[PDB]
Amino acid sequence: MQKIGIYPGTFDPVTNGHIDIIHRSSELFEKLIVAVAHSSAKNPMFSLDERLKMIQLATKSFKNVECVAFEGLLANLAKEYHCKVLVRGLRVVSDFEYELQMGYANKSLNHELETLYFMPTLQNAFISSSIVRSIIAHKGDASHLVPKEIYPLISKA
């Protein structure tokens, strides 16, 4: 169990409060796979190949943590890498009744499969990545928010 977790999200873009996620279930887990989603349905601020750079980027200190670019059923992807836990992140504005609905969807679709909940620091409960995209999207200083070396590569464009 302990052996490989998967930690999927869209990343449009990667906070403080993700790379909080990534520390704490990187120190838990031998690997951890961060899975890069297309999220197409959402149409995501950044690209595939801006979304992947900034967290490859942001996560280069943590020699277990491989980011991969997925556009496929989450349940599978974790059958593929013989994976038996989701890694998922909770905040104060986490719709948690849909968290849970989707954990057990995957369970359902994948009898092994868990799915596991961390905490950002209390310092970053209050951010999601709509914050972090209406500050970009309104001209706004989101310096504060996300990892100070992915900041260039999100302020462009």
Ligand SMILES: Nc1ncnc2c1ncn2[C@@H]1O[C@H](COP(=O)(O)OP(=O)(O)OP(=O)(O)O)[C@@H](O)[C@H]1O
Contents of the next structure:
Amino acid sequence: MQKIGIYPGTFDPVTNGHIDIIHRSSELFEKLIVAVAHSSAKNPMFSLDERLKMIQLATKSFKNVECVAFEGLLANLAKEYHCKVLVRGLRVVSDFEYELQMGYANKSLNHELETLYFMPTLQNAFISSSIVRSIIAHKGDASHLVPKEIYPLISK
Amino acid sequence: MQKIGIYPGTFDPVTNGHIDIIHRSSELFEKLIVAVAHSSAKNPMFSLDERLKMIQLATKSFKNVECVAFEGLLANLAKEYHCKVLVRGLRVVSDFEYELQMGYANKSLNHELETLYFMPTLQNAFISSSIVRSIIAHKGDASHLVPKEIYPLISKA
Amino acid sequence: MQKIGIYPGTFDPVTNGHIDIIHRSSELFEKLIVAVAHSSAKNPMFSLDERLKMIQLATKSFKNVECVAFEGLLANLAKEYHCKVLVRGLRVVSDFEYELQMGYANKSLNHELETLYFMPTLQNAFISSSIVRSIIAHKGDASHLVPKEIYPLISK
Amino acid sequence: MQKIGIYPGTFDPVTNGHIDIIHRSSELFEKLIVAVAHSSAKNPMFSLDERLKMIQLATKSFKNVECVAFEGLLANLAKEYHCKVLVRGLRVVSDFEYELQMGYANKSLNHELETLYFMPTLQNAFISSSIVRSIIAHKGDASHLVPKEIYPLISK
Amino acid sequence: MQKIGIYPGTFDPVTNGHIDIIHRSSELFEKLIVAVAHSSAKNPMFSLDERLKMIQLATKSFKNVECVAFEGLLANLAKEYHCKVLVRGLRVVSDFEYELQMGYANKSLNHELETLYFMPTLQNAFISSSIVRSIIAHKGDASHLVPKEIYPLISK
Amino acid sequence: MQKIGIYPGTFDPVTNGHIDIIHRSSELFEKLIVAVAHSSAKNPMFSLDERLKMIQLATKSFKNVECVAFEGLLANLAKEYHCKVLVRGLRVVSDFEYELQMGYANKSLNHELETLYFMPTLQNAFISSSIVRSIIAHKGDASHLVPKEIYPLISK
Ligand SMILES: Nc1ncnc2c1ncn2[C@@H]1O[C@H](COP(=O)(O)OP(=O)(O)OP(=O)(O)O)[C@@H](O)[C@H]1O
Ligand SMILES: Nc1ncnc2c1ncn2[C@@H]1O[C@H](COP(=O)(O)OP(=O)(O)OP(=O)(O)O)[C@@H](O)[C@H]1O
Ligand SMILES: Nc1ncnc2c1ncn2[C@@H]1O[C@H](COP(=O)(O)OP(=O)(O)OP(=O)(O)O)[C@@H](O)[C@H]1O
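Rather than the form solved without the named molecule that you just supplied, could I have the structure of the form deposited with the named molecule bound?
In what comes next, the whole complex appears, and the chain from above leads the way.
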């Protein structure tokens, strides 16, 4: 519990919300793994490596963090990791019941694996990766919405 | 505020619920711009151009309504028209928090951009575009759910 | 409909979120009636007299805003002023389906009467009267949550 | 009314949640029709004919249950079977107002057709087809999530 | 499961909802028991005996419906009636997760007792007893919201 | 940080869910303070003296858990214990947005104070103190929903 947390997502792209979660979650663990899924199902906008490199670039000055990709069931990724704690974010627009369902379905697959929920700062309470995508797609100013370390590649 | 409101949505297709919001909200501004967003992210059942035609036909009777299509960001649209107030509809099946969220995003992209929410008549309170789509795709009769002026166009696949 | 809108409430007490709704709504109507409800069943923390004085102090700066104490059904208040628009606040914690219900209930009693919903600003999105009352009850600092003019009165 | 109910679904695949609704609903009507929709717009993991086969196998022990495969409008299907009751399952992640919406719509398309809601057992309240699908696609144990009768045809 | 259903509630007062539901559910069981709970702890506006009288007057035309007033545990009342089905209405403002919670609580107190959910007609989907009470408290007109055979008893 | 977490509430009464959260949360902090709040304006079924005793009895086995009665601002308690983490539980029946609003309100009164959320086990996912109170008040058996150490006191 008090050792190795995993924070999974698509990180498409990473936002200031994701970064608050990584921050707070960071304080609480020894190693924290940022687990960038592939999420072929959800239509990805940025390539897994673009995404993984963006997080990598945003997560660098967090001395506890490591970022990585993966494909299969999150529950097993945690097994491989001798990880009993999933970190998830909660926000105004979260589908709360779906989150709870995922936490139990993860528990059901790996009887050792708990989920823990953190919230972003009030300023980031309404940021979703989805609105950020549209802002980027229609060419808006997303600069107060994502970490500056990624301005370069969001523009390419 | 009195001068210009914009009512933006996907309108896929426009529904009697939408028309209630347009009716009521038009009364409140000198001009109402109804703005049909391309919305590529969802895979709209109807084309951008079909949706614009549909809503033009449906809104002809409202003297101070103008329908455009935009593939811009809504903030630029607003700027273009010196518009400070967006209009949005609320219905029983709305995703209320997602609508609040859009409302704050729209403000922060355009600092004088506020959103105002209307509700349709009770008869149309359970109508969404999404349930009209399903009825239509399954060859059901949706003519009670949509203005009669678009019924020719919905009839084509 | 442009002539006159009514924003009813308990205003127990008036908060910065309520002031945002007054400000924006007063910009859209020739007059804005702020109607202060008895709210008997609620057993408010502050008396009617206190609540009405706080509304008047907070709203001095808005030249076209008037205050009135009232009792009971929104629909009849609205016919008394020949008003077709009720203004309502929407927030993260709003019970939205109940808002919709009230709006229909009110149009039933009075067929001309529409309900129109404003939001507060982001920094007030999480502010409720109720939370404000805990802070004052527990003798915390509520000064960043309520208008400055009210502040002397709100302190017991 | 009691002479006949229909329980429509994609059943992709049938899960222990579905079997609870079928069991309980079959207890209330003389006949229950379990109606497996092609649901071509979805992109079902299993073909219509496998889904149909699997739910037939899973329901043979319920003597008053009959399965059929259909394509188009359910409200019309129901008229063909002289059905006045559509059976729906509620579970923890249901979109509740959407369920009500669907009920009212189906009633506007067929004025005899009411919707009635059952719930699964507590154990199955958190079970979604979607989740069973992911697990199945990977190397996951779904044997506790779907009826034994079908767990063979799953990896076929 | 066919012979007898119970439809519990406070019925304070009975609305054109308690009634669409009585109508619909009474078509499914040989006998429908309408159980008026004393509900002491909600301080109902109308007394138990008044609510009972209202609901009897309003359900006289339904030949297989019987009304009873009670106050213990509803699960134990169900047992006394050899009842395996609790009937509940869902409406736009229902707290859905609370209804599911209740259905599971009762199931755990009486292992034969399931909960089944109906909806009222669309026109009544917004009707709430509390909205009827508030209209009444404030001398409004509630006559289009409650069945006509109770209108004498409520104007009083 | 990790040194100290606080789990506040009414605990009216402590339930199996609360206990699941204490279990899990106590494994992330050296010390966990269960902070018993005074239920102001909340219809408290059990006395403060009862609630504190039930939770001490029930948490005797967890060695790093201390239980205290607090009659002040929560954010302030946290300051007094030099605590930057509030532990909270998430359930199926939670008011999700209200919980978030509370997280944010506490941050604004104490800028160091973060909120972390746990789920209980699946079996307890639908349990709340509210449904336990109602079952106890109606004289039903709540022995499966509350820890065995507090049964004596409940019947007080
Ligand atoms: N603004 C935010 N603040 C805090 N947490 C967030 C925020 N947005 C998302 N999260 C959470 O962080 C985790 C990872 O989410 P992910 O990277 O998949 O993006 P997303 O925001 O869910 O969007 P999408 O699924 O559309 O890509 C989830 O637990 C999610 O709820
Ligand atoms: N675990 C469950 N328990 C009870 N009812 C369920 C469960 N899962 C689905 N249902 C309900 O049973 C019926 C059939 O649903 P359907 O077959 O369309 O699958 P689904 O679970 O909605 O998944 P998908 O759309 O991913 O294929 C619907 O009434 C549905 O809501
Ligand atoms: N508008 C409605 N339409 C259909 N069913 C309803 C409606 N309101 C309540 N019900 C159902 O009727 C039953 C009786 O509910 P009850 O008499 O407790 O009234 P209520 O509407 O919950 O009001 P209150 O709890 O404020 O007294 C409940 O089991 C509920 O499932």
